[PDB]
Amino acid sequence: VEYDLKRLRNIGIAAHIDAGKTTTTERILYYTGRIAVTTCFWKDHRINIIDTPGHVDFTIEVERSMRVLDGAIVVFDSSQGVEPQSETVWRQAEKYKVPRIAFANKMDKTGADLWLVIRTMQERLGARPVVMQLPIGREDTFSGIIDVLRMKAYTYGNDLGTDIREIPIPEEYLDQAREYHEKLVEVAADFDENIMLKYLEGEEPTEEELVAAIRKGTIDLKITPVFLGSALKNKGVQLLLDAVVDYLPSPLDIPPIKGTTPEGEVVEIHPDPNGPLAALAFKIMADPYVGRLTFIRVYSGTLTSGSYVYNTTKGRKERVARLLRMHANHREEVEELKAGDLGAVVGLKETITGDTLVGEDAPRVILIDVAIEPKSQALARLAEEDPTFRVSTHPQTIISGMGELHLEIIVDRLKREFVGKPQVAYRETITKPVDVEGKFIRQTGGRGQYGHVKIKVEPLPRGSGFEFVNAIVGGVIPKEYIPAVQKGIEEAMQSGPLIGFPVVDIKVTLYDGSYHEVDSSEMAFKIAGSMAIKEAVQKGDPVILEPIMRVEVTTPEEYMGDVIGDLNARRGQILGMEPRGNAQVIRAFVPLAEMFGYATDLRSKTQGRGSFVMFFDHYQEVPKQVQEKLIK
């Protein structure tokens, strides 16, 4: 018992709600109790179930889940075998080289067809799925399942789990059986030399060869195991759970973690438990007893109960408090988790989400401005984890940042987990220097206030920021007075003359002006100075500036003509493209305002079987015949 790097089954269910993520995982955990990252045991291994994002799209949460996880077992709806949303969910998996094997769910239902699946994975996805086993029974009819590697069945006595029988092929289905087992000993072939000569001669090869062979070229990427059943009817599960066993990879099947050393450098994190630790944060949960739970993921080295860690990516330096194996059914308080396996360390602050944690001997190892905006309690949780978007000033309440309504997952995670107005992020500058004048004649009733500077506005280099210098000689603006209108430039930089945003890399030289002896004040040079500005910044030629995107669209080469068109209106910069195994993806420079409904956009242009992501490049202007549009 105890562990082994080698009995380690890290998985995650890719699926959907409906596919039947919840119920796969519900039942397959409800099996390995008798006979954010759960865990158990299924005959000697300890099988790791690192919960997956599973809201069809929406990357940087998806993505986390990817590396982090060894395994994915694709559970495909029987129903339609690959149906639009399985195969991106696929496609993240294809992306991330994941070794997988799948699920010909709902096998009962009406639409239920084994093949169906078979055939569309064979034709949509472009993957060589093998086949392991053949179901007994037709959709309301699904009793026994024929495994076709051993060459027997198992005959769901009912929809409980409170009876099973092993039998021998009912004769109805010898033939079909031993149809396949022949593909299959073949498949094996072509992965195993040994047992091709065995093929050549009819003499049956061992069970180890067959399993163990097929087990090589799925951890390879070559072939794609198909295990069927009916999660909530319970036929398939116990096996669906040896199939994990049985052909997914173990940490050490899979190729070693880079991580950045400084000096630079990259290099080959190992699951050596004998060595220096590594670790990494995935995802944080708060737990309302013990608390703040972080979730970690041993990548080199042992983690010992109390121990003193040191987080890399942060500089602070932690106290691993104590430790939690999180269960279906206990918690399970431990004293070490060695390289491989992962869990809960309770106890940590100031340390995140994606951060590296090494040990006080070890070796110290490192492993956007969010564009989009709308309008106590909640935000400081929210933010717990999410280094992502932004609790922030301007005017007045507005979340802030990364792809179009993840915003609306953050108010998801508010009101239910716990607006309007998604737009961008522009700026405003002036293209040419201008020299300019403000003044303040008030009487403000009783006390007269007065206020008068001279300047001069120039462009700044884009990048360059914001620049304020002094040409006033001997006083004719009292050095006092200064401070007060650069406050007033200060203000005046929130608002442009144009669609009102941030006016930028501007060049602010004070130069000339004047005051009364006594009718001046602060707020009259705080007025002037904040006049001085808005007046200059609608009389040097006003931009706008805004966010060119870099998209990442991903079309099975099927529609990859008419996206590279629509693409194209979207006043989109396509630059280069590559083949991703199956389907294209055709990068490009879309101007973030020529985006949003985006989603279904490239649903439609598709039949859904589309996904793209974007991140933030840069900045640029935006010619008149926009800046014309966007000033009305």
Given for the second form:
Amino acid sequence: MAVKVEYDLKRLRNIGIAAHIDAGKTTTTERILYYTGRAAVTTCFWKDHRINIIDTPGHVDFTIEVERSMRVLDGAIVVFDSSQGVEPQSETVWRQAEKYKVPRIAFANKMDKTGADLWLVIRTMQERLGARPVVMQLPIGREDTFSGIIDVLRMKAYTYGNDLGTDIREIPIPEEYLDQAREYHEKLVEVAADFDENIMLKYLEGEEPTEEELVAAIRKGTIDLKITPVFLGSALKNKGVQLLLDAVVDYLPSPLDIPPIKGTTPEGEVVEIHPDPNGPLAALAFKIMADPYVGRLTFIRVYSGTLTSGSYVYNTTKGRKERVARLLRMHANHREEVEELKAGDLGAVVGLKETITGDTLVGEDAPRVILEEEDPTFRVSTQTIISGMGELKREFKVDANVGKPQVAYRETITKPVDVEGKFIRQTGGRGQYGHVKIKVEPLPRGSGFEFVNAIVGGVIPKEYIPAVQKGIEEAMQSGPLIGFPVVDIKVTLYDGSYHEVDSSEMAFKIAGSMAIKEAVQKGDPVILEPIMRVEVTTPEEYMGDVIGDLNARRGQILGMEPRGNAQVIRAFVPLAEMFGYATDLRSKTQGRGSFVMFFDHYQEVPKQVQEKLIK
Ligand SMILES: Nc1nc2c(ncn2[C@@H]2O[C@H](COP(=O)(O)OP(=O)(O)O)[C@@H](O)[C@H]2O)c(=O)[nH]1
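I would like to compare: after the form deposited without ligand GDP, may I see the structure of the form deposited with ligand GDP bound?
Zooming out: every chain and molecule, the one shown earlier first.
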């Protein structure tokens, strides 16, 4: 750190660590930080490479977070529990890692655990993920006796003298392993051969290739998404972490290896953005932490150019200008202030005030391109009611704390009526008198609201119109079917009457309200429900029970498609049916299934559903 720090785009390693709950994602992160060393983004150094560890969403399912996290990072280290082989979230992260094309390597953690087995991992990877693993190391001892590791690419072994990580020594491959080892070396050379003509010829000739040669070939296959080097160890016992770190520099990609980010031009034509430090700056904000003692920290990833300390940058997705006060780099133990952050690098910036997650930041006379609160797409309303995306983009609303998820219904009429509101009273408040006659009528779906005043000859005193409208306005917030907002109607005030001294503003507000409660009740009202658009990812083995579930959930299948080794089914299913789904889709596809849905349209609840809802 600091002393003799080097840059180079080629020496950068922006990685993420993906894993199923309990696989050991954090414990390996802790160890990695502990080893390199002697926040949305922590940085460290290993063999002259800056490794930036981007923190990944713990809830492997929150697409917005997962989607974005895959864009800021360049390589992933998928961690497996060596006694479970591929697991649910692992498969999910896997498909995720593909829909975004992020090179990866795997780490079979927990080799010390009772039940641990490298082959269980390799096989399940091969079958569920449909991944081509490459065995790069072989264990020595097993379970309670695991205690060394064999580098089959280099044919070297390492033994660990304690569970503390303070005793490591290179040793000769034990005789009892020399052949399994010789076997895997060849399998590996064989694979490398698929990526370098030169290695095949030598393989064929019985010549042993150079480790530089092999490494490169595997690195190439890996960056190409062809193979998936597999490593193993025990984060908890301090066996294998350094070897894992060497692999990150050897095979994960640099910002130069992966392909250009693309963002849309100010007019609309998407252009690709190469990581050139000397070209227009363009950065993307991916996380906004509020430091308990430095304040709003904005974490960014720089795609092009150089962001310099104390400069003016332009947030293009907000049109605002911002001032970059300081630039920071989080480390294991400690922060470091920097003067600049060049392309392909990441850090935190102090000084932004209107920049929220997902915002693009181009500089001075840099072209305005768009690359895409902490946020979660929420919205507060009112007794609180925190509407949200799931469980326009906010059709499921919970209220306060206890209040269970409710589906945002709406109501309307189908037949135009011509009603009449009337208020007559002898309240303490003198004599109240209001009387309006209106014509309500249906408007095309989504047309909103339209109020027309058609009163002639001051039949209703001009000072009261605003009040009949405030009345109408209020009544509409709670239709008489199930009590949800009334929409898509056009009301025309066309007659009524008043009393010279009895009329009043409230008398006319009430009568506005009433005329409307009737209008809706008498215009053959309907309930409109949100129709979500879902995308269920199912291993084609289960692709029959699933579709069936959809159709039972008043769904309507659109199309199929393949996500490599799985099938993705698009459909429109009432959000009211999609309740609990996740819990019953796991069951339907043995946890190996996952969907994501987006509000699509509003449409009328079928008479039947209506009668149910109504009661
Ligand atoms: N035996 C053993 N347990 C491990 C190992 N790595 C992680 N664990 C245990 O797995 C549990 C959860 O892992 P953890 O890193 O803490 O969080 P995570 O990503 O959700 O897994 C903890 O009890 C760890 O102590 C390992 O190498 N060996």
